[PDB]
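K.L.:
Now for the letters of each chain:
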Amino acid sequence: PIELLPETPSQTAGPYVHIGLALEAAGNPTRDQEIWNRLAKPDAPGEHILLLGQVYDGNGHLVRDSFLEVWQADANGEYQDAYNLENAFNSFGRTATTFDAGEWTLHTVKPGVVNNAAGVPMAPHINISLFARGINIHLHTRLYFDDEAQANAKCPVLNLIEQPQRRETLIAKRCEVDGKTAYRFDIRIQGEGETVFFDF
Amino acid sequence: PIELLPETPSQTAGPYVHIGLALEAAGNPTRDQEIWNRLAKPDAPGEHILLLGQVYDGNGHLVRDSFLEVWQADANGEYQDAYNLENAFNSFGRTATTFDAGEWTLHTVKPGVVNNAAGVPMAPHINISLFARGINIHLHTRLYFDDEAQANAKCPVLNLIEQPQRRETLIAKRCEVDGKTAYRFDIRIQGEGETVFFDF
Amino acid sequence: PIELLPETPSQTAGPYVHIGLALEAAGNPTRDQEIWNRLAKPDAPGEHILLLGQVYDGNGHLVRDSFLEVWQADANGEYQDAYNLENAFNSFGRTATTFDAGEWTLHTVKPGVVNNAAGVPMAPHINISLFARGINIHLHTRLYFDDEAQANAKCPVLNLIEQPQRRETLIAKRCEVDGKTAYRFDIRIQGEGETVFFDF
Amino acid sequence: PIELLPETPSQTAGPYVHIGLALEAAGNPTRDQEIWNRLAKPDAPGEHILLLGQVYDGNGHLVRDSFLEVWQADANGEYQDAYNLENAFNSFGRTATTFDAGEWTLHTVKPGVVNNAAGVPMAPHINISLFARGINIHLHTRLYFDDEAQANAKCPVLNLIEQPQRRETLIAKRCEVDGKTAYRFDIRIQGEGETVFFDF
Amino acid sequence: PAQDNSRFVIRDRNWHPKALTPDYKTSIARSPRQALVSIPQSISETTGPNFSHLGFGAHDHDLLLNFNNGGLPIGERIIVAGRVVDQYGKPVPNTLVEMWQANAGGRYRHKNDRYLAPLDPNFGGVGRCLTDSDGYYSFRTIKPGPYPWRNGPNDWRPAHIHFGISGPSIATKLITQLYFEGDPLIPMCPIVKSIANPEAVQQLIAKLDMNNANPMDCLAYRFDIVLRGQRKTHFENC
Amino acid sequence: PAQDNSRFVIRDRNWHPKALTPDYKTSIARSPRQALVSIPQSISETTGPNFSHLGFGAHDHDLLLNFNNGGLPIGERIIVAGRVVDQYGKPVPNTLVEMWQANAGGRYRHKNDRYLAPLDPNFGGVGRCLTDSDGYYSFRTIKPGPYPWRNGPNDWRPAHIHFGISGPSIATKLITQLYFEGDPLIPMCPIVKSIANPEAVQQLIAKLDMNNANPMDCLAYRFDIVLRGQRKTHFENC
Amino acid sequence: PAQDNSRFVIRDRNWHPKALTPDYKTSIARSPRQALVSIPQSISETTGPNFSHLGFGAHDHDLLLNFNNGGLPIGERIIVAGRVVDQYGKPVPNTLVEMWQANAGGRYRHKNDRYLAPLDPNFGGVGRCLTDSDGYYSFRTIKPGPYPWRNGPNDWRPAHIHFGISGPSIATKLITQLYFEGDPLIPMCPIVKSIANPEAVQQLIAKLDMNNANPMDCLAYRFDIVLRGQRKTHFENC
Ligand SMILES: [Fe+3]
Ligand SMILES: [Fe+3]
Ligand SMILES: [Fe+3]
Ligand SMILES: [Fe+3]
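Chains as they are written, first to last, in the authors' numbering: chain A, 1 to 200; chain B, 1 to 200; chain B', 1 to 200; chain A', 1 to 200; chain M, 301 to 538; chain N, 301 to 538; chain M', 301 to 538. A prime marks a further copy of an entry chain.
Hint data in this document are derived by calculation from the structure and do not stem from the laboratory.
Heads up, a few of these hints could be off.
Said to hold, decoys possible - Once the Cα atoms are required to be at most 30 Å apart in a straight line, the calculated BS3-like pairs of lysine-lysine come out as:
no.: 1; chain 1: M; residue 1: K325; chain 2: B; residue 2: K154
no.: 2; chain 1: M'; residue 1: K493; chain 2: N; residue 2: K325
no.: 3; chain 1: M; residue 1: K493; chain 2: M; residue 2: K411
no.: 4; chain 1: M'; residue 1: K411; chain 2: M'; residue 2: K532
no.: 5; chain 1: A; residue 1: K180; chain 2: A; residue 2: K154
no.: 6; chain 1: N; residue 1: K443; chain 2: N; residue 2: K532
no.: 7; chain 1: M; residue 1: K318; chain 2: M; residue 2: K507
no.: 8; chain 1: N; residue 1: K390; chain 2: N; residue 2: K325
no.: 9; chain 1: N; residue 1: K493; chain 2: M'; residue 2: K493
no.: 10; chain 1: M; residue 1: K390; chain 2: N; residue 2: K390
no.: 11; chain 1: A; residue 1: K154; chain 2: M; residue 2: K325
no.: 12; chain 1: A'; residue 1: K173; chain 2: A'; residue 2: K154
no.: 13; chain 1: N; residue 1: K532; chain 2: M; residue 2: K507
no.: 14; chain 1: B'; residue 1: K154; chain 2: M'; residue 2: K411
no.: 15; chain 1: M'; residue 1: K318; chain 2: M'; residue 2: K493
no.: 16; chain 1: B; residue 1: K154; chain 2: B; residue 2: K180
no.: 17; chain 1: M; residue 1: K507; chain 2: M'; residue 2: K532
no.: 18; chain 1: M'; residue 1: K318; chain 2: N; residue 2: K493
no.: 19; chain 1: M'; residue 1: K318; chain 2: N; residue 2: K325
no.: 20; chain 1: M; residue 1: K532; chain 2: M; residue 2: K390
no.: 21; chain 1: M; residue 1: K411; chain 2: B; residue 2: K154
no.: 22; chain 1: M'; residue 1: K493; chain 2: M; residue 2: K493
no.: 23; chain 1: B'; residue 1: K154; chain 2: N; residue 2: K532
no.: 24; chain 1: M'; residue 1: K507; chain 2: M; residue 2: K325
no.: 25; chain 1: N; residue 1: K390; chain 2: M; residue 2: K507
no.: 26; chain 1: M'; residue 1: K507; chain 2: M; residue 2: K507
no.: 27; chain 1: N; residue 1: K318; chain 2: M; residue 2: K507
no.: 28; chain 1: B'; residue 1: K41; chain 2: B'; residue 2: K180
no.: 29; chain 1: N; residue 1: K532; chain 2: M; residue 2: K390
no.: 30; chain 1: N; residue 1: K318; chain 2: N; residue 2: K493
no.: 31; chain 1: B; residue 1: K110; chain 2: B; residue 2: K41
no.: 32; chain 1: A'; residue 1: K41; chain 2: A'; residue 2: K173
no.: 33; chain 1: N; residue 1: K318; chain 2: M'; residue 2: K318
no.: 34; chain 1: A'; residue 1: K154; chain 2: M'; residue 2: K532
no.: 35; chain 1: N; residue 1: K318; chain 2: M'; residue 2: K493
no.: 36; chain 1: B'; residue 1: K110; chain 2: B'; residue 2: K180
no.: 37; chain 1: N; residue 1: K325; chain 2: N; residue 2: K493
Build the full structure now, drawing on both the sequences and the hints.
P.N.:
Structural data, given as structure tokens:
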């Protein structure tokens with residue numbers, strides 16, 4: 001059969017990923033422009049939301065050295081690939097877990113609906129890639145919202161998860177944090193309540 | 001690189017280990033001198049204690065054919081390596097689980113503090129090696145004491161276990177057996193509450 | 001390691017090099033345009049000079065079939081690379097030794113100073129490449145001028161020649177040929193007074 | 001045939017040999033005890049002498065980074081192998097050429113006569129080993145004395161040099177330096193007056 | 301905005317390291333036990349950020365100058381350069397390449413590294429750049445030293461530089477490690493050996509590149525990166 | 301005027317013939333005995349003449365017509381063509397390729413050649429051309445004959461054409477010789493054997509190229525030339 | 301005093317590097333052109349200094365502590381250890397082993413080294429020790445970096461440590477260089493290649509020795525040294 005060049009193989013990001021990709025967190029000086037966890041400036045259109053979460057290993061313990069990359073549509077359901085710190089909104093961001101409490105945060109807007117390739121609407125979601133010591137190839141997941149239950153029930157991606165109980169692992173819980181809408185999305189890498197991870 | 005002669009590979013001790021190493025327990029006559037579970041003559045220095053425990057598999061069932069070897073400092077923190085049945089104290093001993101109850105016992109004294117190679121005091125501990133049918137290479141662990149909390153919290157070996165919850169698996173529980181001071185040290189080979197095992 | 005395509009290997013130009021590269025000297029008709037030994041039109045800027053020299057083998061005998069290529073800055077220290085017989089000045093030229101006397105000649109101007117890659121001025125020089133029967137790969141050298149002693153003493157290329165006595169082999173001697181300013185640059189391929197040859 | 005383990009192959013000492021073997025000369029602090037160029041304290045028996053010399057390459061230029069080791073008998077013709085800085089005399093010493101003037105020196109006593117293995121007396125000599133950048137395996141030579149001409153004429157080692165003219169290269173020239181007996185021994189590695197070098 | 305007009309060749313997850321590679325001890329509790337759920341590519345997966353207009357500092361790619369505290373770092377001066385292409389051999393231009401590493405002694409400038417080898421006051425260990433219009437990137441740095449870590453009782457990472465590459469989409473994004481030609485630690489490392497196929501391991505070994513060296517100044521290593529092949533959609537929804 | 305904007309890969313002087321190759325007798329007294337002195341590249345070495353504005357005659361590359369004295373030369377009609385590239389594989393366009401050779405009988409049109417084989421009144425033996433924008437050159441000529449020479453007592457050069465190529469700088473300039481596929485004199489020649497590596501010798505052997513032949517007219521040989529690799533400067537003076 | 305009671309196996313001067321190895325340029329003018337004169341062993345050649353009573357400082361073998369100016373040197377912490385034996389396999393006890401090297405960046409602490417890589421304020425680069433009663437020696441140091449030198453236009457020494465070994469006599473004394481397992485610079489170095497036989501080159505390559513490493517602290521290399529075989533005299537003068 002036709003064999004292409006093989007892809008460069010993945011390796012773990014390791015526990016010092018912060019020094020390359022999350023400079024503050026390593027305990028280090030930042031450069032003038034950094035890619036970080038504020039996807040939306042106050043003036044971006046849409047519903048401004050706080051996202052937060054913790055990451056657990058198979059023994060139920062906090063993963064305190066997680067690194068997360070996120071990719072989401074704007075409030076119109078359009079992906080904005082022209083990354084610029086001058087933009088009111090960027091579709092891409094990065095965050096990391098605090099070594100102390102183990103919590104990451106993101107400041108963004110709720111994404112609009114986007115269709116799959118077959119033209120069927122997907123429920124609002126944020127695409128997540130998770131890296132850490134111990135993770136040899138990053139884990140892909142999606143964060144959906146518990147205030148979109150009717151949309152989630154019809155999502156063609158959630159419907160590819162055979163068991164309804166496993167779909168629940170992708171649904172972030174709405175709360176209020178200092179009077180702003182927030183959602184908690186915890187990730188369990190292994191075992192009870194294991195988060196669904198995707199291949200694509 | 002430099003490659004030395006390879007070490008002879010381990011194999012399981014098997015379920016008849018007692019024939020060779022625990023003769024009474026096999027149902028067999030003993031020889032004049034046997035290496036067994038009474039480390040201390042009644043007048044050896046220090047606090048005389050009973051140690052006892054049961055061993056569990058990953059299904060929560062007793063491992064009734066366990067064989068254990070122990071190595072500990074005397075009450076003055078000295079390792080007595082010149083094994084002799086006439087010694088007041090031997091730092092080495094053997095025991096095995098009863099086939100009925102699955103319980104092993106050891107009669108000893110509480111070990112004194114010894115320093116690690118950097119000169120940092122280790123909390124009082126007994127070194128244990130566990131052998132059995134199903135165990136291809138013996139498992140190393142340490143038994144520490146729940147009434148040495150201050151020392152345990154500062155032990156440079158316990159501190160190498162990343163999770164505090166796992167450190168708890170090595171802490172034996174003070175109790176009384178026939179009115180006498182004892183510590184119970186159960187070992188869980190696999191699963192919930194899995195005992196920390198060491199490589200060195 | 002990374003291995004590129006190998007360079008085509010050198011071979012001697014042989015004793016009939018003149019057929020291809022010095023047509024007059026071979027005894028043959030010339031083409032309309034030839035690359036030869038008059039680098040400067042009479043009105044080119046700078047001090048007009050004659051260069052001449054003889055080439056000796058390791059036995060002290062004339063190399064009567066030498067072919068030489070030269071490359072030098074113009075009087076303003078500029079390398080004129082757009083070769084054209086209509087140019088006031090060409091930085092490139094060719095010459096060859098006469099078979100009778102073994103003497104080559106070049107008509108040019110004294111080159112201006114150019115800086116090395118670190119910005120340090122080099123003393124005025126002509127780059128020379130020497131080809132002949134018996135020479136398997138051409139020899140690189142430089143002709144400097146004996147009336148530029150101050151510059152020569154500070155030249156970062158001459159200073160890479162470890163022995164002062166060897167630096168002297170690259171210094172052409174001011175003289176007069178038919179009353180006109182000239183510099184003689186004899187080359188000794190081998191032995192006593194051997195000319196410095198470069199690799200770069 | 002019988003093949004033993006091969007000897008570790010030699011390599012050049014290189015131009016920074018001083019930092020390992022001639023600490024002062026590298027521009028560096030010395031240790032409490034160094035092996036250097038004073039073989040005899042004032043109180044050693046025998047005729048106290050100064051040795052000096054320069055080393056030349058094949059182009060007649062000074063070798064300014066030479067390192068020399070010497071081995072000689074005491075005034076009785078006995079070799080003293082028990083090296084100690086407390087000794088009035090040591091048979092071994094080291095010296096090096098000044099980077100500036102290129103001269104080495106040694107302070108010693110004139111050695112006594114020693115017989116070869118066949119019982120034939122050798123003329124007084126100092127064994128020399130020469131190391132430097134460009135010397136892949138050290139060169140062995142002997143320094144004999146011009147005030148021993150009658151002994152030198154009968155030396156069985158000098159008589160192994162087929163040509164009388166080459167024997168002259170091993171004869172140091174007696175002089176007086178600030179009222180003390182001295183001998184100059186210059187070494188020419190290559191070419192005119194090339195110093196005899198030995199294999200043994 | 302971005303459009304869904306490309307598809308990316310499916311990953312070979314036996315060429316990549318699997319999640320559970322127990323000799324690399326931290327992977328045991330940090331690997332999923334359930335199968336990954338395959339999903340078809342949509343615009344969510346086939347698009348990603350383009351960093352053409354991220355503002356880079358003049359020394360961002362130059363670790364010899366980007367933590368300057370009065371001098372040059374100590375260690376083996378090297379250029380690390382290469383090309384990013386996709387599996388079809390097409391260059392990946394204007395893509396973000398980030399890297400981080402230890403200093404010459406194997407010490408990282410991170411609060412959580414307590415290895416006894418000292419920090420270098422003129423080395424920070426982080427670089428980034430964008431590939432050029434032809435897919436090429438370049439860094440100048442010091443060769444990192446090996447370093448011991450609490451896996452087995454005497455485990456040492458080979459000298460390595462961590463790399464992150466964005467590529468055209470979140471489907472192509474990759475984190476990996478570069479190792480150095482001939483390093484005898486490579487075959488011994490449980491992180492290297494998380495990759496099961498020896499030919500895949502070879503793809504992470506940078507080659508000494510004398511052609512790219514600056515004489516009397518610095519050596520050079522070459523490390524090419526291959527991202528998932530990108531093709532146009534064809535015959536979909538018909 | 302010319303600028304210093306590039307560097308050239310250092311030559312492998314064990315791939316090239318060495319200076320002293322005593323079986324080629326004239327090399328004994330015409331080889332330096334002192335080592336070459338290495339110097340860094342400057343504008344002096346990294347620039348050189350470009351010949352785009354040299355006026356070439358219509359037949360300068362055609363040896364069948366460029367010495368026309370009433371007829372065609374006698375001999376095996378051949379096209380000699382190829383590509384000039386650098387070591388990175390990049391074509392070298394608009395570069396000067398010059399060649400010279402003996403006639404079909406091994407006689408050179410040079411006043412110092414006294415070989416008894418006759419001159420051909422319609423053959424001169426010199427060609428030049430500039431490579432095109434893709435690096436290709438071509439000449440039309442007759443195949444030269446071997447010829448005997450006063451080295452050993454029975455030495456004969458294989459059939460060969462002398463080549464000179466300018467390239468982008470004086471650092472790239474090269475003179476070499478082309479030999480012909482299968483010629484049994486090649487392994488016997490002390491000039492060929494000045495090159496120590498048999499693989500390097502193979503690089504000088506032109507291959508029969510039937511694809512490029514003119515049927516019923518002339519055969520063709522292909523000879524590709526590789527000059528030193530050229531790269532941009534990087535990280536200099538910093 | 302010393303006695304003439306042993307003989308030493310004659311050196312193989314085709315196993316050692318020859319004097320004239322022109323690719324190592326400085327050897328051209330520093331090699332004798334006349335043959336060495338062979339002489340029989342006498343007491344002058346078969347004896348030598350014994351350094352049992354030379355006074356060593358406590359850190360003489362420990363380059364991490366022997367130039368202490370307020371800290372530890374930067375670089376790859378290593379032990380370099382091995383055994384000195386003779387060709388018959390007999391250990392050479394109480395023999396002097398001296399070594400010197402560059403720092404982690406390839407810079408030597410010598411007035412004549414002007415390489416642009418910086419000095420390390422806590423590294424000097426010199427060690428010595430005596431072998432023990434069983435022939436073993438040990439040093440602690442930093443792995444030296446490669447360094448560029450003015451031979452060819454882009455030549456670099458592999459990482460190396462210079463060694464001097466006395467042995468039992470002035471006939472056994474040896475200076476050599478240690479190289480490191482897997483270093484891709486080794487086959488390219490004209491000083492390495494002064495040795496004609498590839499098997500002899502292999503004898504200078506130190507092997508990574510994980511068995512001798514201090515976990516979480518330093519790696520280790522093993523380098524064994526073989527001096528000329530020593531035997532008793534037999535059947536002489538009869
Ligand atoms: Fe790392
Ligand atoms: Fe059995
Ligand atoms: Fe010819
Ligand atoms: Fe060195």
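K.L.:
Run the structure past the numbered hints and jot down the numbers of the failing ones, going up.
P.N.:
4, 6, 8, 11, 17, 22
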